[PDB]
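Trainee: Each chain, letter by letter, is given below.
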Amino acid sequence: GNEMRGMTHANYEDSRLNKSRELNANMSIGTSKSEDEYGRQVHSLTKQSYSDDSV
Amino acid sequence: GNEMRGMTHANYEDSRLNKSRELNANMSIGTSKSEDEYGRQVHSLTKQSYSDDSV
Amino acid sequence: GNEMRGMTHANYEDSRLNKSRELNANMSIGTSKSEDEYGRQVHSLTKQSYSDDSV
Amino acid sequence: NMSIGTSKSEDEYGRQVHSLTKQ
Amino acid sequence: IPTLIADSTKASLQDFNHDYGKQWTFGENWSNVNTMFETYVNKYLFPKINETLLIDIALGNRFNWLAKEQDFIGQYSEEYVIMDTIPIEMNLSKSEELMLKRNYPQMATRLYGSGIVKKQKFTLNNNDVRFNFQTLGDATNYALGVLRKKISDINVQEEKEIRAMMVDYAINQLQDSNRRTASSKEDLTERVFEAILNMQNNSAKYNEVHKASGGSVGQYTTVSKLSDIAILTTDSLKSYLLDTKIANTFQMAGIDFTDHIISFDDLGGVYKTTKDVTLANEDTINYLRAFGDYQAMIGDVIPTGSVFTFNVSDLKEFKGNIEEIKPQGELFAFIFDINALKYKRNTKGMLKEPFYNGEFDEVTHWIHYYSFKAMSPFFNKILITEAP
Amino acid sequence: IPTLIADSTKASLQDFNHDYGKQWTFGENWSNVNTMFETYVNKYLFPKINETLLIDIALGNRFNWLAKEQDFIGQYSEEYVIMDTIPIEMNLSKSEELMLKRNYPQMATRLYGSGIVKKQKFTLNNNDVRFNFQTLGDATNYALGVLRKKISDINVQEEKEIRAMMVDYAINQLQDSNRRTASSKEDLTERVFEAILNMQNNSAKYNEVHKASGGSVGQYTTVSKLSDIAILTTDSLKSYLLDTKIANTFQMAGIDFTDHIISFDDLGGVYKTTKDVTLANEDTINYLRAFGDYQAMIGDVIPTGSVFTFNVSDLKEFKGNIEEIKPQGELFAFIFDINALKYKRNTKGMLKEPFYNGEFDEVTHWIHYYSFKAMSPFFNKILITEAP
Amino acid sequence: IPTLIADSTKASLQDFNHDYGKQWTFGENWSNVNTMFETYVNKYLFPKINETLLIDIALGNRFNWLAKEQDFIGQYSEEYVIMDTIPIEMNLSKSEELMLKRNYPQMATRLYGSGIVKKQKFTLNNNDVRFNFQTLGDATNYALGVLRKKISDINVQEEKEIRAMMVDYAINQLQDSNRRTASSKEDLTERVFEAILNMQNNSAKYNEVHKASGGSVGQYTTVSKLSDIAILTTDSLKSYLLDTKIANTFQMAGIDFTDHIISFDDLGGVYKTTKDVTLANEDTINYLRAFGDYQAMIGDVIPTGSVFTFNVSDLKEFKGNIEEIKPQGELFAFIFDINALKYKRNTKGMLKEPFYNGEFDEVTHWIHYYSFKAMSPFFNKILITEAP
Amino acid sequence: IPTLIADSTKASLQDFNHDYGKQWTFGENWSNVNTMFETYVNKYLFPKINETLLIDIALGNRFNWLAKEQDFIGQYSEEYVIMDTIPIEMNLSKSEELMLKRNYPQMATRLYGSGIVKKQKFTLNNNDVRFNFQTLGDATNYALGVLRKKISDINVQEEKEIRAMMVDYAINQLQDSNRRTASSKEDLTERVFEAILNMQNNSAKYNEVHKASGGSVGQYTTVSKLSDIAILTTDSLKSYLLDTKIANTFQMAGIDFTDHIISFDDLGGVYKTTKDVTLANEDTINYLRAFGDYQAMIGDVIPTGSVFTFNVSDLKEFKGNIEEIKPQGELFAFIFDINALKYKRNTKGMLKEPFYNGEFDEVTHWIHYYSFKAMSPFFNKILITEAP
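Protein chains in written order, with the UniProt record's numbering: chain A, 6 to 60; chain B, 6 to 60; chain C, 6 to 60; chain D, 31 to 53; chain E, 8 to 395; chain F, 8 to 395; chain G, 8 to 395; chain H, 8 to 395.
Quick caveat, the hints were computed from the structure, so don't treat them as lab data. Careful, some of the hints might be misleading.
No farther apart than 25 Å at their CA atoms in a straight line, the calculated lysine-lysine pairs in the BS3-like style are these [said to hold, decoys possible]:
no. : chain 1 : residue 1 : chain 2 : residue 2
1   : F       : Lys279    : G       : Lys212
2   : E       : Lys252    : F       : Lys279
3   : H       : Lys351    : D       : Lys38
4   : E       : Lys323    : F       : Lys218
5   : G       : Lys128    : G       : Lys279
6   : C       : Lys24     : E       : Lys232
7   : F       : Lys282    : G       : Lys108
8   : C       : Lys38     : D       : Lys52
9   : F       : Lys125    : E       : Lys50
10  : F       : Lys55     : G       : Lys101
11  : G       : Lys212    : E       : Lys50
Here are some, though not all, of the chain F residues that point toward chain B, as calculated from beta-carbon distances under 10 Å [claimed, not checked]:
no. : residue
12  : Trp72
13  : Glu76
14  : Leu107
15  : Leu204
16  : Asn208
17  : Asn209
18  : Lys232
19  : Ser234
20  : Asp263
21  : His267
22  : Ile268
23  : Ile269
24  : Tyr350
Every residue, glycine too, gets a C-beta built ideally from N, C-alpha and C.
Construct the complete structure from the given sequences, taking the supplied hints into account.
Mentor: Next comes the structure, spelled out in structure tokens:
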């Protein structure tokens with residue numbers, strides 16, 4: 006990975022030309038969530054507690 | 006309620022463009038007032054004391 | 006008696022367009038002062054004390 | 031057979047015209 | 008679509024509209040087949056709505072600070088200025104009887120008269136509106152929302168009328184001497200500077216005492232301090248000053264008059280009829296109703312000089328009979344002493360008491376207020392406008 | 008060229024592809040002569056490779072902050088505003104019956120609808136893939152590289168969709184009052200200054216209430232605060248403002264709007280179908296497959312309004328039926344209140360479970376997520392675009 | 008006198024270049040009269056020289072930082088990127104067997120293996136080089152001076168090749184989307200400003216993945232971070248920026264990109280052959296010798312793509328078969344991601360052993376090194392060049 | 008002695024009348040031997056006066072009560088009354104919409120005008136009035152006497168004007184319906200006694216609301232209570248009315264008919280100018296001066312309708328231009344409600360400050376007061392006059 010280096014003895018700073026704030030890599034979708042209650046029941050039907058009006 | 010966020014590493018401020026001082030929601034008509042003496046008499050004819058020149 | 010309000014978030018000062026120092030409500034002639042000794046004497050000849058000529 | 035009342039003091043206007051107690 | 012989707016008889020409205028209706032019902036059958044709500048998996052469950060949102064916005068009236076509460080008792084008002092007297096020399100030659108000779112104070116006066124009473128109204132159903140909202144809380148927000156909107160509207164209209172008053176006065180009423188002309192916007196910025204300095208001096212040119220009754224003979228000299236001077240301009244002109252004139256000048260340490268400027272986008276758009284127009288069509292009344300005019304009905308006459316505050320020109324009757332109060336030519340800078348505005352209001356008992364119709368479970372509420380807007384000739388004021 | 012390099016009978020593909028194959032082999036003899044690999048000193052030695060680098064890059068979504076996690080439970084949603092009512096004069100000649108007559112609050116409302124689910128699939132072989140890489144560690148890097156890339160692709164697509172949504176809304180939905188024309192870049196930058204100021208004062212011109220259900224005739228006045236205003240522009244314009252307008256101006260202490268800009272190089276590039284095309288050719292499916300559409304097969308129907316996000320125009324069926332959503336002309340500025348976007352996403356359980364085919368030793372992995380993107384009519388928006 | 012000076016029979020060269028020569032010397036009388044070196048006091052003394060100075064200079068390579076030392080061990084290297092997959096909507100009417108279907112990850116790869124093993128040699132005589140220098144101390148300096156000059160040539164030449172590689176890649180490899188045209192220097196400076204911002208966005212337009220093996224139909228989106236963008240231009244442009252742009256602008260804080268620029272006096276100067284040329288002419292082989300190419304001999308073949316680094320065009324065989332790697336039009340601003348360059352070197356055992364020729368008394372030192380330069384297709388690049 | 012008395016050389020007047028009068032006096036001898044004043048005991052002493060009476064007759068305005076002090080600022084007087092509404096039956100069968108019906112109150116009005124301001128003055132001389140009185144105390148009484156006579160004059164004049172107003176109103180500005188005719192003096196007494204009772208009846212016929220702007224159409228029923236009724240008749244007529252037995256029965260009951268009836272001998276003696284005369288002769292100004300008119304001068308114009316209040320008919324300018332305000336015919340009874348005579352007056356700072364001439368030692372004092380006199384149309388009035 007080559008690394009750009011300073012080619013000038015002194016310069017005005019380059020801040021304004023940077024879009025690191027606008028479109029950073031860290032701003033991205035998160036994949037760590039686990040499924041909601043409905044999902045867990047679809048997979049295992051583990052909740053047998055409530056069937057709503059019955060009998 | 007989306008909120009806009011900063012999209013520049015550095016910039017000059019936007020105070021001059023801001024027009025909150027000129028026109029803001031706080032500057033509005035007040036509805037808490039109660040009726041004048043004439044109005045109260047129109048509504049109830051409470052005051053029976055004076056009828057001006059008589060007889 | 007309406008009076009103006011600022012209507013701008015930030016502005017450079019308006020000094021230099023103001024003639025308050027040059028002309029003002031004050032800077033006016035003084036009504037309150039009483040007659041000089043001569044005047045008071047003309048109105049009522051109060052000072053009967055001095056006459057320059059000898060008998 | 032009553033008579034016109036001879037005197038009462040001048041209204042506020044009368045006194046201020048005579049004196050001009052400016053204020 | 009299913010037949011149920013299009014069946015009027017099954018509707019809640021029918022139960023309310025007809026004098027007798029079926030007290031008992033066994034529910035109808037719902038299907039999403041061949042309709043917008045189709046769901047791949049079920050096909051027999053009713054559509055479900057997650058949320059309802061008010062999106063209420065609060066609006067203000069720029070000129071509120073100016074408004075002065077007053078009693079609503081008498082129709083007319085007057086203002087007057089004592090005219091100037093030039094000091095004269097002592098001529099002791101004159102006869103002693105001059106003491107008896109009488110000089111009287113002189114004055115110039117103006118009469119400005121009646122006000123305008125305006126009203127708004129809204130009715131709340133209670134019985135059938137409840138069907139619309141899932142929770143009582145949403146319905147209560149609905150009722151606060153109509154009241155809040157009603158009040159905001161009063162503020163926007165008052166702002167429009169004060170802005171229109173000034174634009175109308177400047178274009179037509181203002182004394183010819185006061186008018187000044189700028190060839191370009193750059194010249195205008197200089198013209199503003201000259202006027203601000205000029206009107207702080209003791210001079211009779213800026214005041215319109217000549218228009219007032221006693222001004223024909225004599226002079227009145229008034230001075231206007233900077234603290235009071237204010238300027239009305241279009242937004243594009245303010246943007247010019249900020250974007251280019253202020254940005255370009257090397258030193259604007261002092262010499263910045265933008266605090267004073269009141270800038271409006273359109274600075275026009277309030278429309279005034281030029282001939283009597285009589286409402287004659289159903290379509291016309293429907294347009295007016297959409298802007299809140301319940302009172303309007305066919306055959307009513309709108310007199311000349313009536314101010315609509317919305318664009319009624321397109322409608323048949325008002326096609327050639329409407330004119331717009333607007334600046335002419337895009338350079339407008341009416342600079343005036345603030346004291347000239349004369350805005351008075353009476354909002355005592357503004358929210359009139361509600362009326363409840365027991366039949367129909369409805370309470371109808373009203374808001375009424377008085378507003379007088381006028382401009383005084385006596386104070387200093389000069390308009391800078393594009394050269395004709 | 009030696010026969011061995013050309014011969015395919017000895018390929019690994021041959022061994023895996025066919026039902027029975029040679030279990031035992033004595034190695035073939037290799038020569039570099041008359042081949043790209045020729046080495047002067049030693050012929051007869053197999054080519055040797057030093058690196059196999061991944062070159063993976065991480066991409067992000069600019070608009071991620073707007074996304075708000077939500078449950079996936081119900082489909083429809085709604086929002087409404089109470090429309091403006093102008094104060095009306097007290098006629099007083101009207102019948103006393105007016106008190107009884109009822110007029111209700113009037114409102115305008117929108118229904119948005121359900122979202123769209125999206126999926127991506129990758130399978131890892133566990134046999135032939137191993138032949139490609141020299142070390143076990145290189146293969147593990149390869150597997151993570153596919154997952155890492157997959158997420159990045161989703162971010163990039165969502166950004167494109169939000170950017171395209173805004174460009175499409177401006178191009179089609181906006182009214183004449185909202186729209187403005189800029190002759191040149193200098194004029195455009197000034198126009199943008201005017202817009203920021205203009206949209207901070209009360210105006211019904213920029214609302215799209217008319218499109219909403221109750222707004223066909225009527226007005227709604229809304230005011231947009233500065234913090235909210237954000238502007239979507241082409242990079243060419245930002246480069247100009249910073250390079251020329253800002254650099255040249257003497258005083259920019261205030262008057263800088265670059266914090267608000269959301270500059271993108273293209274804006275255009277997301278295509279939308281028209282006319283209900285139906286896939287009919289192998290060549291078409293092959294192009295779509297290259298861009299990731301495993302699902303597509305000949306005979307599937309692509310509905311009108313389908314948004315591709317890649318250029319499908321050249322392919323036969325879409326030749327005259329695809330339209331690009333883009334700014335018309337180089338100059339584009341859509342200045343809008345931020346509140347209008349309405350972006351919501353659900354990522355719960357995004358990474359679905361793996362499925363392993365014991366035959367072939369391959370595991371297929373899936374990523375499934377839900378996205379709803381929409382634009383609200385009620386809030387203020389203004390388009391400054393190149394004059395036609 | 009002139010006649011003596013003219014005679015070459017007396018020359019030292021004749022003794023050295025012939026098998027037998029006349030050993031005895033009878034001296035030649037020398038007279039300074041009517042010659043440029045005459046002195047007033049003594050008119051027969053041969054002219055005497057005071058100093059013999061070297062004027063050696065040191066030249067360095069701009070690009071040395073990029074170079075990475077490596078063991079010289081294996082011929083090839085490869086690198087790859089995983090191609091983009093757009094998310095696909097959940098059809099839900101697809102056959103349930105789709106789960107079984109296998110979708111494999113896709114990628115694009117490049118193989119770059121190469122080396123050039125460049126060399127150069129210098130020979131020090133010990134007989135006849137002595138004739139030239141009067142003090143033995145200067146003669147020793149002459150020997151050190153050749154070694155240092157040989158090293159300076161390695162550095163200058165590598166710089167030319169890296170500079171030429173970049174100009175060549177941009178001029179030929181880049182796609183239409185990457186290319187931009189600038190009419191004048193002010194237009195160019197704005198374009199450079201724009202390109203810096205364009206590269207920071209996520210876009211596939213500037214990638215060269217299409218050239219790579221798997222990218223023929225699909226797309227890859229990469230983002231080039233600032234701090235890794237270096238721009239290669241001519242000095243005339245850098246001078247313009249400093250003299251007329253940076254100097255004049257009021258607010259150059261923040262907008263100066265000159266740290267990135269790698270300006271060269273003249274980007275062109277390296278020539279690449281097209282066609283094959285055999286060195287038919289003796290005059291050509293002599294010219295190449297002036298530049299240090301002892302190896303060249305008549306009848307050798309120069310392959311297509313040979314890079315000369317000096318102007319060989321005038322020579323007959325290369326008259327039509329040479330093409331200069333150069334910018335077109337004097338406006339060139341190839342902005343690129345630094346990662347793309349890939350310069351590697353092996354300098355172990357650079358100074359090879361000396362070989363003493365007993366006959367002729369000459370040492371013959373050699374310097375050998377290995378250098379590999381290549382440019383990667385995957386990273387973002389833009390070329391702004393003079394409008395045709 | 009007759010001759011000494013006759014000589015005017017020896018007079019105080021001669022010295023005061025002319026400059027340079029005689030300073031030294033040697034007394035003149037006095038004898039009463041053949042003259043009046045002769046006394047038996049002492050013939051030569053000067054006649055001596057026991058007393059100077061200073062008889063003063065107080066005169067008063069009978070109408071002074073029923074005068075309302077006003078604290079004047081402003082000029083006009085409105086005087087409204089509210090018109091009658093007759094009670095109506097329940098009519099429960101009528102539609103319930105009758106609840107909504109405006110039923111606004113109605114009224115009549117009369118704008119009277121402004122009041123004249125009158126003045127009187129007396130000059131008191133310190134130097135010569137002193138000669139007349141024996142003691143200082145008598146002279147101080149004389150000064151009080153002149154002020155009191157001035158006050159008495161205001162009263163007689165106002166009484167005369169109020170009486171004249173009634174005679175003029177009855178003769179000219181009266182509703183014709185109110186008038187009645189009496190053939191004989193005896194018939195008049197019957198008519199007048201019948202009328203007193205008629206006023207007490209509650210009926211609209213007597214009042215003049217038919218005039219008074221307001222309503223010709225509706226009715227206002229006014230009643231005049233005993234104690235608020237009075238009869239303006241000539242003195243002879245009052246004697247006839249009192250003589251009748253009815254007057255005696257009233258007094259026995261307790262109502263004093265004698266106080267109520269008000270009489271003047273002729274109801275005449277106040278004169279009205281007709282024809283706009285202008286003063287032209289010295290003799291006239293002298294007559295007016297005898298009656299106290301310092302202000303009048305030759306060339307002053309007396310407007311038509313000026314009320315002289317003394318007989319100026321003999322004077323030449325007014326010879327054909329004066330008409331007396333008097334009942335026509337001997338019989339004249341005007342019976343009116345007392346409240347009708349609006350007689351508002353302002354008496355503040357009544358005695359204005361003195362002015363001291365200082366030459367002649369004389370002080371002039373002035374009395375100034377404001378009087379407004381008018382008659383109201385609303386109360387009951389009947390006029391009984393001899394038949395034409």
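Trainee: If a hint holds in the structure, say so; if it does not, say that too.
Mentor: Evaluated hints:
1. Between F/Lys279 and G/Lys212 the CA atoms are separated by roughly 20 Å; this keeps the pair inside 25 Å, and the hint holds.
2. Of the supplied pair hints, the one linking E/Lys252 and F/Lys279 is violated, its CA atoms being roughly 45 Å apart against a limit of 25 Å.
3. Under the criterion of a C-alpha separation no larger than 25 Å, the hint pairing H/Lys351 with D/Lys38 is consistent with the structure, at around 16 Å.
4. A C-alpha spacing of about 24 Å is found between E/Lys323 and F/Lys218, which places the hinted pair at or below 25 Å, so the restraint holds.
5. Between G/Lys128 and G/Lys279, the direct Cα distance comes to roughly 24 Å. Compliance with the 25 Å bound is thereby established for this hinted pair.
6. Our distance criterion of 25 Å between C-alpha atoms is met by C/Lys24 and E/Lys232, whose separation comes to about 8 Å.
7. Our distance criterion of 25 Å between C-alpha atoms is broken by F/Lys282 and G/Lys108, whose separation comes to about 31 Å.
8. Straight-line distance between C-alpha atoms of C/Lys38 and D/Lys52 comes to about 15 Å, which keeps the hinted pair within the 25 Å bound.
9. Taking the CA atoms of F/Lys125 and E/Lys50, the gap is near 22 Å; set against the 25 Å cutoff, the hint holds.
10. In summary, the hint linking F/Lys55 to G/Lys101 is not supported, as the alpha carbons are separated by about 46 Å, beyond the 25 Å threshold.
11. Between G/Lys212 and E/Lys50, the direct Cα distance comes to roughly 46 Å. Violation of the 25 Å bound is thereby established for this hinted pair.
12. With a least beta-carbon distance of about 6 Å to chain B, the hint placing F/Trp72 at the interface is held under the 10 Å criterion.
13. Here the hint on F/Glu76 is broken, as its CB sits about 14 Å from the closest CB of chain B, past 10 Å.
14. Hint on F/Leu107 is violated. Least Cβ distance to chain B is approximately 20 Å, over the 10 Å limit.
15. Here the hint on F/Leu204 is kept, as its CB sits about 6 Å from the closest CB of chain B, short of 10 Å.
16. The interface hint given for F/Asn208 holds, since its Cβ lies 6 Å from the closest Cβ of chain B, which is under the 10 Å cut-off.
17. A hinted interface residue such as F/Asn209 counts as satisfied when its beta carbon comes closer than 10 Å to some beta carbon of chain B; here the least separation is about 7 Å, so the hint holds.
18. Here the hint on F/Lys232 is kept, as its CB sits about 7 Å from the closest CB of chain B, short of 10 Å.
19. For F/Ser234, the interface hint holds, the least distance from its beta-carbon to any beta-carbon of chain B being 6 Å, beneath 10 Å.
20. Because the closest C-beta pair between F/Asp263 and chain B is about 4 Å apart, less than 10 Å, the hint holds.
21. Hint status for F/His267: holds, given a least beta-carbon distance of 7 Å to chain B, under 10 Å.
22. With a cut of 10 Å, the hint placing F/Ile268 at the interface with chain B holds, because the nearest CB-to-CB distance is about 6 Å.
23. About 6 Å separates the beta-carbon of F/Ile269 from the nearest beta-carbon of chain B, less than 10 Å, and the hint is met.
24. Of the supplied interface hints, the one on F/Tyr350 holds, with its beta-carbon coming within about 8 Å of a beta-carbon of chain B, less than 10 Å.
Consistency note: the structure conflicts with the earlier hints numbered 2, 7, 10, 11, 13 and 14.
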